[PDB]
Structures are given as structure tokens and as C-alpha cells.
Amino acid sequence: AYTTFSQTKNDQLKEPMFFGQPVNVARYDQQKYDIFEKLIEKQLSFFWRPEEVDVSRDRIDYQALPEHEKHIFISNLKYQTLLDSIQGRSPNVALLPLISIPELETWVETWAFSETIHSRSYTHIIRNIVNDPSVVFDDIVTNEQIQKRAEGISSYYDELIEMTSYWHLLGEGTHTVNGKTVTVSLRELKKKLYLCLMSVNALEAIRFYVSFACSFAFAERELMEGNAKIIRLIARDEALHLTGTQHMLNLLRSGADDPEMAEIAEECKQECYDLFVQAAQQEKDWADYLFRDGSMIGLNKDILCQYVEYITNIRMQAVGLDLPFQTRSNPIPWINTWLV
Amino acid sequence: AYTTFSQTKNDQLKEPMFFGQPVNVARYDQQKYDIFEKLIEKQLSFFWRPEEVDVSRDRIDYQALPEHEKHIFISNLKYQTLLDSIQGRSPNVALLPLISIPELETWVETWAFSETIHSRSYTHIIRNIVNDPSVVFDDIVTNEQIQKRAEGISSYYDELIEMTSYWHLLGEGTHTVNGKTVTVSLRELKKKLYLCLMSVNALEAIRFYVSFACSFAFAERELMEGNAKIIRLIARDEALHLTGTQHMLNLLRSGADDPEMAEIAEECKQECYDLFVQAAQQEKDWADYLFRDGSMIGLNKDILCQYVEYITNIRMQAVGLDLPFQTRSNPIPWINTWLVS
Ligand SMILES: [Hg+2]
Ligand SMILES: [Hg+2]
Ligand SMILES: [Hg+2]
Ligand SMILES: [Hg+2]
Ligand SMILES: [Hg+2]
Ligand SMILES: [Hg+2]
Ligand SMILES: [Hg+2]
Ligand SMILES: [Hg+2]
Ligand SMILES: [Hg+2]
Ligand SMILES: [Hg+2]
Ligand SMILES: [Hg+2]
Ligand SMILES: [Hg+2]
Ligand SMILES: [Hg+2]
Ligand SMILES: [Hg+2]
Ligand SMILES: [Mn+2]
Ligand SMILES: [Mn+2]
Ligand SMILES: [Mn+2]
Ligand SMILES: [Mn+2]
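So the sequence lines, in the order shown, correspond to chains A and B.
Letter by letter, the first sequence follows residues 1 to 340 of the deposited numbering.
Letter by letter, the second sequence follows residues 1 to 341 of the deposited numbering.
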């Protein structure tokens with residue numbers, strides 16, 4: 001029941017962000033929420049080409065690092081690669097089919113496009129610091145500890161996509177599919193979308209920032225400067241991506257968009273809280289693998305754990321959630337040099 | 001049965017373009033078909049911003065145009081706007097779920113993204129030539145002649161998407177849903193993808209090019225020059241987009257990628273031909289109506305009809321189809337001035 005060009009002349013300023021009539025005409029002369037048009041303009045103003053970045057000195061620097069530091073650096077980089085591989089396709093496959101205002105539709109496509117640039121930047125780094133990129137990329141798929149840390153991201157998206165297909169194909173109601181009773185509830189699908197957004201918020205707001213701190217620890221040592229320039233550019237894009245999901249979520253919570261979404265945000269509040277607590281614990285658990293062969297001055301499991309707590313509280317407060325962790329000052333204030 | 005991250009380590013150089021294992025790692029250090037990596041690189045190198053183009057004199061040119069010429073210009077722009085609105089979302093929603101090699105997956109996202117820039121540029125033009133853009137944007141959805149010229153485009157994508165959902169949800173076989181039999185066949189879904197791609201090839205390679213003739217006819221008269229600069233950049237992008245679908249279609253019909261797709265292509269050779277001819281016919285009908293209130297300087301319904309027949313022959317030959325029209329040389333060689341590429 002999805003269509004690539006809905007034939008009803010509708011007032012796009014009055015549709016909800018999600019689940020209304022699919023967008024027909026892509027126009028940018030007006031917006032229900034100008035924040036998405038501002039985000040598109042800012043992301044386009046940030047356009048960068050990874051291949052232009054000089055990473056010729058990173059190979060010298062990398063091969064010079066002691067073995068445990070190569071492990072820390074590459075294990076981090078493989079996780080960034082996994083996340084952006086998922087973020088390049090998922091907003092388009094999972095969110096695009098449910099969007100009903102043009103400014104949010106184009107924002108999601110722009111945001112997903114910018115993630116493919118990040119992926120292309122990891123290939124640029126990887127091909128220039130190791131002799132066989134294939135060993136690095138293949139490990140991303142099979143590495144148990146990497147998958148463990150990301151557990152639940154692809155699951156969430158996949159479940160939303162499957163429920164969306166049932167909805168678009170069958171409509172609301174209880175159906176009989178190959179003899180099994182299948183319930184399609186729009187309210188349940190709105191909850192699934194809503195929690196998928198909260199999960200994406202945690203992914204960009206927390207998981208990527210923990211990874212940035214690990215990358216910048218090398219830059220503070222005056223090493224892997226090509227990587228650092230790229231991570232700085234990637235972080236600048238991620239700041240916009242998380243601004244986008246924070247606004248989607250806070251707008252839904254306000255009751256100014258779909259009223260049912262404001263009810264759902266309030267009703268599913270413990271689940272929001274729980275998914276942030278679980279993601280933080282996963283980022284902490286990654287330290288055992290990250291520092292398996294030794295830690296570095298200023299970067300070890302304890303510092304990583306303190307920073308996870310610090311940044312999780314900040315991101316949760318930004319979308320209205322209670323704080324799970326003891327408050328603390330930033331354990332790694334040197335990161336502010338790199339996050340500009 | 002689709003996943004955003006397939007957990008099976010697979011050799012991405014050996015998957016088919018479509019229907020294989022969904023792409024897990026996005027890497028660009030190797031590819032099965034390097035044409036898609038070359039297209040991504042070229043499209044990224046062509047990045048442009050509509051707001052960077054001065055359209056300040058287009059308002060006065062448009063206003064001084066005779067009424068039938070305003071009608072020609074605006075009707076043509078509304079159709080370009082409809083086509084890129086569809087092209088901004090559709091390659092992503094329709095093709096991404098079926099791609100199994102990374103370079104093609106990123107090419108599609110890059111191609112679709114470049115179309116949103118086109119849509120943004122039409123807003124930049126429209127806002128700068130009319131008092132109230134809403135009059136122009138609302139007429140796109142229900143404009144009778146526009147619907148007639150673009151008739152069928154959304155239905156091909158829509159049917160492909162629907163059949164893809166059934167396939168991912170239920171898999172191949174004879175199923176039942178609420179008392180009715182629903183048959184899912186991978187062969188039929190491959191055929192729907194093949195025809196959808198042939199239609200996208202006609203959209204970008206013939207429908208858009210006919211619209212470019214209209215826009216550049218004004219540029220030749222030194223009018224609507226802001227619009228001209230923007231259509232020039234859009235046409236440079238479209239040359240890449242059609243290069244991408246020509247390669248997808250030729251790799252599918254040659255049999256080098258999926259033997260079954262080669263058998264399918266041969267099997268719908270006649271259908272594909274008649275659809276191409278139908279697209280050409282819709283474009284002629286649009287011209288006939290558009291030049292009803294009066295011809296323009298340097299363009300009329302017959303000249304445009306010849307251009308449609310000329311470009312249709314070239315594009316059909318490029319994807320191995322027989323030529324439907326009498327061969328002729330380009331009836332409007334001046335257009336080459338504007339079609340870099
Ligand atoms: Hg999600
Ligand atoms: Hg870290
Ligand atoms: Hg919440
Ligand atoms: Hg801690
Ligand atoms: Hg298609
Ligand atoms: Hg199509
Ligand atoms: Hg025309
Ligand atoms: Hg014209
Ligand atoms: Hg024309
Ligand atoms: Hg065909
Ligand atoms: Hg066929
Ligand atoms: Hg064919
Ligand atoms: Hg065709
Ligand atoms: Hg014709
Ligand atoms: Mn990213
Ligand atoms: Mn991001
Ligand atoms: Mn376009
Ligand atoms: Mn195009």
C-alpha cells in the first residue's frame with residue numbers, strides 16, 4: 001500500500017512526520033519543521049571527499065605502533081566501519097518508507113548518503129595502512145566481540161522493516177497467513193519505529209563518540225593524523241545526525257506531531273531508558289577485548305568506562321530521560337580539542 | 001528475510017548484482033564491477049549546490065514571455081520536478097533491498113542522493129520565478145497531462161516493491177493470505193526488476209532528455225539562463241545515471257552475472273520494446289499538447305517528435321533492442337552545446 005508517488009493532492013504541512021501519506025512532490029519552499037531543512041543545508045555545506053585526505057604518513061605511523069596499540073587502533077576502526085556500513089543503508093531501507101513530510105524524507109536520504117562517505121573514508125584509511133584490507137573487512141563480519149558489542153542494532157532495524165512490510169501489504173487487522181494468525185497493529189508499529197529512533201539516537205550519540213575518543217587518543221600522541229582529520233570530519237557529521245534524531249524524538253514527545261506518538265513516547269519511557277542502559281553496558285564490555293593485549297597511557301578500561309557514563313548521562317538528559325549514572329566531570333577533557 | 005547486516009562471511013566479488021546475500025560490510029577497495037565505483041567517484045566529483053546559481057534574471061524573462069511560452073516552460077519544469085521527486089526516493093526504496101554487491105548499493109544511494117539535489121534546484125528556480133510556489137507545486141500531483149505523460153512510472157516501482165515484500169516475508173511458493181492464494185515466484189520478481197530497470201533507463205535516458213531540449217531552447221534565445229545553468233548540471237548528472245542503468249541492464253542480459261536474468265531478458269524482448277515505444281509515444285503526446293496554444297522559437301511539435309525518435313533509437317540500441325524509428329541524424333544538434341558529456 002506503499003507508493004512512490006501518492007496521487008492525492010495533500011497539504012504536506014499537516015501530515016505527521018511518520019505514517020501519514022507517502023510524500024509525492026519533493027519541495028523545499030516550506031516545511032512543517034524547518035529544523036530538517038536546516039540540517040540538510042548544513043550537511044551539504046559540510047560535503048567532503050575522503051580520498052583527498054592525506055593518509056600517506058599513517059602507514060609509517062601505524063606499522064611503528066607496538067602490537068597492542070595496532071590492536072586497539074584497528075579493533076576500533078573495524079567497529080566504526082561496521083556501524084557506518086549499517087547506517088549507510090538502514091535509514092533508507094527502514095525509515096524512508098514511513099516518512100510523510102518532504103523535509104524529513106530528504107534529510108534521511110542525505111544523512112544516509114553522508115554515512116556512505118564515512119564508509120568510503122574507512123576504506124581509504126584501511127587500504128593505506130595494511131597490506132591486505134580483506135583480512136580487516138572479513139573480520140568485521142566474523143569477529144564475535146565486534147558483533148557482541150553491536151548486538152541489537154541490525155535486529156531492531158530488521159524487525160521494523162518486516163513489520164512495515166506486513167503493514168503496507170496487509171493493512172491493520174488480524175490476518176491468516178499460511179494458516180498462522182498474524183496481527184498488524186499500527187500502534188505497535190509506531191512503537192517499533194519510535195524505539196528504533198531512540199536506538200539510533202544511542203548509536204550516534206554514544207557508541208560513535210566512544211569510538212571517536214579511542215581514535216583521538218592516537219591523535220593526542222601526534223600519530224595517525226590522516227585518520228584524525230577524517231574522524232574529525234566524521235564527528236562533525238555525526239553531531240548533525242544526532243541533532244536530527246534528538247529533534248525527531250523531542251518533537252514526537254511534545255504532542256505537536258502525531259498525538260499517538262506523544263502517548264507512546266510517555267508509555268514506552270522505561271524501554272527508552274533500558275535501551276540506553278544496555279548500550280552503555282555493551283560499550284563497557286568491549287573494553288575487555290579492546291585492551292586484551294595491554295592498554296595505553298590515558299586510555300584503558302577504567303577511563304573508557306568513566307567516559308561512557310559521562311556521555312550517556314548527557315545524551316539521555318537531552319531527550320528527557322532520567323540519568324542512570326553518578327554525575328561526573330568529563331574524564332577526558334582533551335577530547336574537546338578534536339570535537340570543535 | 002532481508003537483513004541490514006548479513007552475518008555470513010561471503011565473497012562479495014562472487015555475489016550477483018541482485019537477489020544474492022544482502023550486503024554486510026560496505027568496502028570500496030575491490031569490486032566485482034568497477035563501473036559502479038567509477039560512477040560513485042565521478043558523481044561525487046560533480047557535487048554542486050543549486051543556491052550557488054544565480055537565477056535573479058529568470059523572473060523578468062519568464063514574465064515577459066508570451067503566455068503560451070510561459071505554459072511550455074512551466075509545464076516542462078513541473079514534469080522535471082515530478083520525475084526527480086520519484087527518482088529521489090525510488091531507487092533507494094525499490095532497489096536497495098535487492099542489491100547484493102557493495103559498489104552497486106552505494107552507487108544507488110549516491111545516485112538517489114544526487115536526485116534530491118535536483119529536486120532542491122527546482123525549488124530554487126520556482127521560488128525565484130513565481131510569487132507563490134504553491135501554485136506550481138500543487139499542480140504537479142493532479143495535473144492531468146503530467147499524470148498522462150508519466151503514467152506508469154510509479155506503478156513499475158510500486159509493483160516491484162510489493163512483490164519484493166512478499167518475497168522477503170514468505171519466500172518462494174504458493175501461499176494463502178486471508179482466503180486467497182498468493183504465489184511468489186523468484187523468476188517473476190527477476191522479471192519485474194528487469195522491466196523496472198529498463199523503465200528507469202527510459203526515464204533518465206529519454207524522458208529527461210526531451211525535457212532538456214525544451215529548457216535549452218530558451219537558453220539558446222538567451223532567456224531563462226539561471227534555469228539553463230541548473231539544467232546543464234542536472235544533465236551532466238543524468239548522463240552518469242543512464243550510464244549506470246545501461247551497464248546494469250547489459251550485465252544482466254549478457255548472462256555474465258545471473259544466467260537466469262539472461263534468459264529472462266531474451267524472454268521479454270518484445271514487451272521491453274513495446275514499453276520503450278510507449279514511453280516515446282507519451283513524450284510525443286506531451287509535445288503535441290504543449291505546442292497547441294502555439295509554437296516556440298526554435299522548437300515545435302514536429303521537431304520535438306523527431307528528437308524523441310532520434311534519442312529513443314540511440315538508447316534502445318545501447319541496451320540491445322531493435323530500432324523502432326527511421327534513422328536520422330540529430331534534428332537539433334545545437335543541443336549538444338548544453339549537453340556536456
Ligand atoms: Hg533502529
Ligand atoms: Hg575510547
Ligand atoms: Hg522515551
Ligand atoms: Hg565507570
Ligand atoms: Hg526500477
Ligand atoms: Hg521502475
Ligand atoms: Hg519539451
Ligand atoms: Hg520549451
Ligand atoms: Hg523538447
Ligand atoms: Hg523485458
Ligand atoms: Hg521475461
Ligand atoms: Hg530486453
Ligand atoms: Hg523496456
Ligand atoms: Hg515522435
Ligand atoms: Mn557515520
Ligand atoms: Mn551518523
Ligand atoms: Mn535528476
Ligand atoms: Mn537521474
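Wrong hints could be hidden among the right ones.
[As the list claims (entries may be wrong)] Here are the in silico distance ranges between beta carbons for each label pair: (1) B:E188 / A:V130: 42 to 48 Å; (2) B:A256 / A:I314: 51 to 57 Å; (3) B:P66 / A:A318: 31 to 37 Å; (4) B:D11 / A:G152: 26 to 32 Å; (5) B:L339 / A:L323: 42 to 48 Å; (6) B:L339 / A:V130: 40 to 46 Å; (7) A:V130 / B:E263: 40 to 46 Å; (8) A:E271 / B:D322: 56 to 62 Å; (9) B:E172 / A:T327: 54 to 60 Å.
Rather than coming from a laboratory, the hints here were simulated on the basis of the structure.
Note that the Cβ used here is the ideal one computed from N, Cα and C, for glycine as well.
Now for the hints, and whether the structure bears them out:
Judged by the Cβ atoms, the range 42 to 48 Å given for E188 of chain B and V130 of chain A holds: they are separated by roughly 44 Å. Between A256 of chain B and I314 of chain A, the C-beta spacing of about 53 Å keeps the proposed range 51 to 57 Å intact. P66 of chain B and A318 of chain A have their C-beta atoms about 57 Å apart, which leaves the hinted 31 to 37 Å range violated. At about 27 Å, the CB distance of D11 of chain B to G152 of chain A agrees with the hint of 26 to 32 Å.
Between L339 of chain B and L323 of chain A the Cβ separation comes to about 59 Å, which falls outside the hinted range of 42 to 48 Å. At roughly 43 Å, the beta carbons of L339 of chain B and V130 of chain A sit within the given window of 40 to 46 Å. Range check, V130 of chain A to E263 of chain B: Cβ separation about 42 Å, and the 40 to 46 Å hint holds. Taking 56 to 62 Å as the suggested C-beta distance range, the pair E271 of chain A and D322 of chain B conforms, at roughly 60 Å.
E172 of chain B and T327 of chain A have their C-beta atoms about 56 Å apart, which keeps the hinted 54 to 60 Å range intact.
Violation of the numbered hints given earlier is confined to hints 3 and 5; the remaining hints are satisfied by the structure.
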